[PDB]
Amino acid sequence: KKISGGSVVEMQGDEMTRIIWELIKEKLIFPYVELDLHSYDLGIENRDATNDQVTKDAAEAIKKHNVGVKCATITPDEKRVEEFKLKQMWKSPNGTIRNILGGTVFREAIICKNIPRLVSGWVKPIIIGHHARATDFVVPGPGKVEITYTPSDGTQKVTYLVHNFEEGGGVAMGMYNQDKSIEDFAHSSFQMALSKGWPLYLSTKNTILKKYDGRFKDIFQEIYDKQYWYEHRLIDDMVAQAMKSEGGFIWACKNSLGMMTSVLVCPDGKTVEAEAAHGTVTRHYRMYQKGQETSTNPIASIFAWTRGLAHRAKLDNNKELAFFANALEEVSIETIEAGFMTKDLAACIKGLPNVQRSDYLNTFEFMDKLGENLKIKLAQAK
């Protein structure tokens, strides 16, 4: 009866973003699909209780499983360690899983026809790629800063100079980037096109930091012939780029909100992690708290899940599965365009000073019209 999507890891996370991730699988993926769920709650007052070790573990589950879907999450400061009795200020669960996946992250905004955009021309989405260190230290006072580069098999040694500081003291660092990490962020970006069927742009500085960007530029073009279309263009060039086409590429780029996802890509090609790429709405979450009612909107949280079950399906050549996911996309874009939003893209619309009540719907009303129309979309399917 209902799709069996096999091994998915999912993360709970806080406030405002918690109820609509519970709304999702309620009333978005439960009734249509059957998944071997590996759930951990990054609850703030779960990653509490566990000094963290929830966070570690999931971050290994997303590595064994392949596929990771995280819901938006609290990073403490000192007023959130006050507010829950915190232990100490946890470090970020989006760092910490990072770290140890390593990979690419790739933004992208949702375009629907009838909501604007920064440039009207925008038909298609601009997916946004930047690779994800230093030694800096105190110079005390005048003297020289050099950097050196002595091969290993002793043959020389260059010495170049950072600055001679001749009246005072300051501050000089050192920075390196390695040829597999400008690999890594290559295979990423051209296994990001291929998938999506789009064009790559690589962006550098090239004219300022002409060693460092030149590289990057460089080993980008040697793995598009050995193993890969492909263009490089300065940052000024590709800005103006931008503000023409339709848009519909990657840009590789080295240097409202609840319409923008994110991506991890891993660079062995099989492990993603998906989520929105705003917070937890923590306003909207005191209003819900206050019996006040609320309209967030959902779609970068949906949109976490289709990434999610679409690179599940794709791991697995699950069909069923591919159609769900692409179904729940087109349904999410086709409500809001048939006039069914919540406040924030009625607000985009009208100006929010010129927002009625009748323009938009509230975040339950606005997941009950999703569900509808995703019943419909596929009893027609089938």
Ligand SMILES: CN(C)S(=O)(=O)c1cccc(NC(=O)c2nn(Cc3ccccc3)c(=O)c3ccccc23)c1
Contents of the next structure:
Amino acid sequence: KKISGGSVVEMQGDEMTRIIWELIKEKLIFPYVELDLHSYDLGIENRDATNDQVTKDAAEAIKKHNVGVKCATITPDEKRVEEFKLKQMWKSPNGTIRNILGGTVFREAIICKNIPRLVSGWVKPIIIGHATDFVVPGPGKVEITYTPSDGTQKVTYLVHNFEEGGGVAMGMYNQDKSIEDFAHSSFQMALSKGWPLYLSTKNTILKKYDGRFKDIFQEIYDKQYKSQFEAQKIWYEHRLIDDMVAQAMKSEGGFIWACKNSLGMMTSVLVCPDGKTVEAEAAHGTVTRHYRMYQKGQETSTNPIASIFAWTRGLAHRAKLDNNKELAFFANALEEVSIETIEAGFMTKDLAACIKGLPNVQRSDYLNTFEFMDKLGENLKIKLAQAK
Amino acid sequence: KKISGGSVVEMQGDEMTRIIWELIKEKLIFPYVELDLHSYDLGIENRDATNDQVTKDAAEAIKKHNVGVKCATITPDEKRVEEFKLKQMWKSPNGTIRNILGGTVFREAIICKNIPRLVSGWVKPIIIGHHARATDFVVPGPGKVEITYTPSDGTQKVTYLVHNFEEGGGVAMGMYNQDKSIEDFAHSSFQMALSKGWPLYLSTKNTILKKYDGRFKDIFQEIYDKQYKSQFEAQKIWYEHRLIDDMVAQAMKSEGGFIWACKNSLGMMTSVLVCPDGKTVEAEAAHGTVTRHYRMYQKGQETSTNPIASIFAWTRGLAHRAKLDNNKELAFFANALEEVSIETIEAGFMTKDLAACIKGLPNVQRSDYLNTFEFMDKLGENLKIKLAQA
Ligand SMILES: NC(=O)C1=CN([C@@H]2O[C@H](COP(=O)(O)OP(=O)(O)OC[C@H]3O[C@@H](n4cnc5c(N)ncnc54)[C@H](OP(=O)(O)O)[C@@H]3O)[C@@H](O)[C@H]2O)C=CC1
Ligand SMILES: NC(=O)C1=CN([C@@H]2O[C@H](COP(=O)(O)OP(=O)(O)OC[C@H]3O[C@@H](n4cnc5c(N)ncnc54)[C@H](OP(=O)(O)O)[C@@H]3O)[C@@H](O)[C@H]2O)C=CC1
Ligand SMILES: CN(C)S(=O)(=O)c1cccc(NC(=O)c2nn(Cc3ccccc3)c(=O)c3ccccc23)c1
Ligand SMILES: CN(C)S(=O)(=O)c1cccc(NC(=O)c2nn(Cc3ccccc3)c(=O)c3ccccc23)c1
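For comparison with the form deposited without this ligand, kindly provide the form deposited with this ligand bound.
Whole complex next, starting from this chain.
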């Protein structure tokens, strides 16, 4: 008998990831989990036919039901408008979704013990979370002004006085509200993983701009989170970007990195500040190149791990909201069986290339896209059997 | 006898690199080159005793004599202030020097055939270059933040909305860049590509900051088409622009052998500051003073510290010195020393950091590497042999 997963918003996408997405649902999710599924087709053809209305509806459904899992989508350009005869150059669905929900995007590289990283010392993964420009034609003043909405005196800052020749200039901003949300998402993400949190800035150069980030982070930590943080042996603390880069390379991993300023193993999750609404997806795109080969009837070897972890992160958050222990265990089992299958030597060509070097990869070093999905399916069914 | 190397500004540093620096001069430089040497002690204790005056004097010496070679130095923090009982937290000597000199910083990792790279496809080195002032402020509450340009001839006024704060306050910031500094960054990059016979790539994000980064691309190609394309085709190299997103992807898939102008083991990494005048250069290792190896040395333990990046700081400085003086003997020595350093490693003689790169630290044994003095002696023997056979 299957697990009652509850309410989940699902978004179908394009090209190669759309194929893999269906394989994930039919081979790894649906055989074990029943969902109250709010499905929205964000494939490029259906967004065009609905005048992108489906994208707004899917975002609204995430706001209402708190859990969304999204397949990679085509962001249109001139060639895409030509390829599909689009009515418009529709805005990227992720841009539309982020504006409606807000929050912070956190990305995490899944680590397999037999797949090399940048540094071998990285044993645990980490989670990293994250303008008006114009040309100055010639000599003149560039100023940035603040006009208070209550009529009090305007304030003018000289950006630069070009006395000989021109150049460029730009202005940037950040609302307090968005810094607060950034902090709230970062604290809640660190708690949800039991990991310490670091915020990096350059508040020594940008003493007012980056200083506002460092200040607001400490204020919200001290009042709302410091007591829950050591209640879980963790902490939060601010670094200058120079210190944190050095600390991260000498580190083993397992920390959240709020940064102010192989693709098949990159996850993304949009964490809203309320701690309730999350949207998970792969950090890569629709893999058009493999999709062309798939269209010509040729063999593909596309890495589905990042797409699988979109589902597992969403289902893990759903289970946390609903206190669904069976679903929470299932989400973990699906992640572990994914890592273990690769660590046992069964992987797609991209990962085999990371080990042997692309010029020396042979066909017997990897599985094609369909062979790998079947290997995961068989291993998943064995694992869940051994858990009863 | 010995080569007359001419005028060279030398800066001594701190901790383990200070030791390696003397070993390099004693065993590799002085036995073969006589120098009109302008030596400055940028050790932390001397910087404190002179109130950092030695750092400014060394920067001016590099301006005067056009060639500077610098050992790594301690940049003080709070614990350093207590360790040495410093009068104050002195600014990093590298920032001081960079501010007096200006220019473009080029970095390059030394490639050895038997030492793993991050990507196996990398078999030739690359050089990444960056050019060496914003007004940020607090937005106390709701209101309009605009940025405005008024040309000095008064014929117009352009106002751009940065953001209309409506429910609260926040922060805002204006930043600029001059054409002149973009031109310095272009000229240094084009000339560096010619000096090595490598193609040059510029990378920006002009898909988002289409005016800010677009002017970078514009100025590079104008300078290229009107001043450098003939020399690039004669050496059959080229220059192209790339969006940073695809340049990163292309770079991981490449073999190397190009200069990468960027808009945005450590013992094998060099850094060279090329000043706008095209004539003044300062070279140094891209790593620090290796404090923890120094602590091992202090307690009598054997150390195995990589001197390659420090050696190449000397060779780059000596090579540029020889180029300014048309000194064919000094130019031959500089290149010979670089060859000896790479050949020695490729022959299987290396310090522990490189052996760990190959085999992984848990599998390293003492017979897999040489200690700091053994490696320097091995380079000494091979340098003596190499020069004699000429
Ligand atoms: N979140 C989203 O919705 C995103 C969507 N896109 C969209 O995707 C489309 C194509 O973009 P593109 O530039 O190709 O970006 P992709 O992320 O699709 O990059 C594809 C390239 O990276 C490698 N790669 C990426 N994912 C995988 C994987 N899962 N398994 C194996 N290899 C992988 C492949 O390299 P190789 O060819 O060497 O095998 C492939 O050619 C565009 O229309 C774009 O709008 C792009 C980014 C994000
Ligand atoms: N150019 C300059 O003037 C710079 C100076 N510094 C200064 O140096 C001091 C210490 O800096 P730190 O943070 O230790 O960074 P370092 O670059 O001095 O060393 C950090 C680590 O990198 C490895 N390493 C670096 N260089 C070598 C080498 N030549 N051979 C073998 N291994 C090497 C060692 O790793 P392992 O321990 O694993 O062997 C070392 O512990 C600081 O006071 C800082 O101010 C820092 C940066 C630049
Ligand atoms: C790319 N820029 C130059 S940077 O963003 O400024 C920068 C600078 C320096 C270091 C890092 N990287 C990490 O600290 C890091 N990275 N990964 C992969 C990873 C990538 C993106 C998002 C999540 C994970 C890990 O798996 C890991 C594991 C243990 C410990 C650290 C790490 C990034
Ligand atoms: C912060 N960012 C992540 S990024 O610095 O912009 C970035 C992005 C992507 C790739 C690279 N790196 C390389 O393409 C590269 N790197 N090294 C090491 C090296 C380090 C410093 C200076 C010179 C060389 C090589 O030796 C090499 C050799 C052959 C071909 C390529 C390479 C950098």
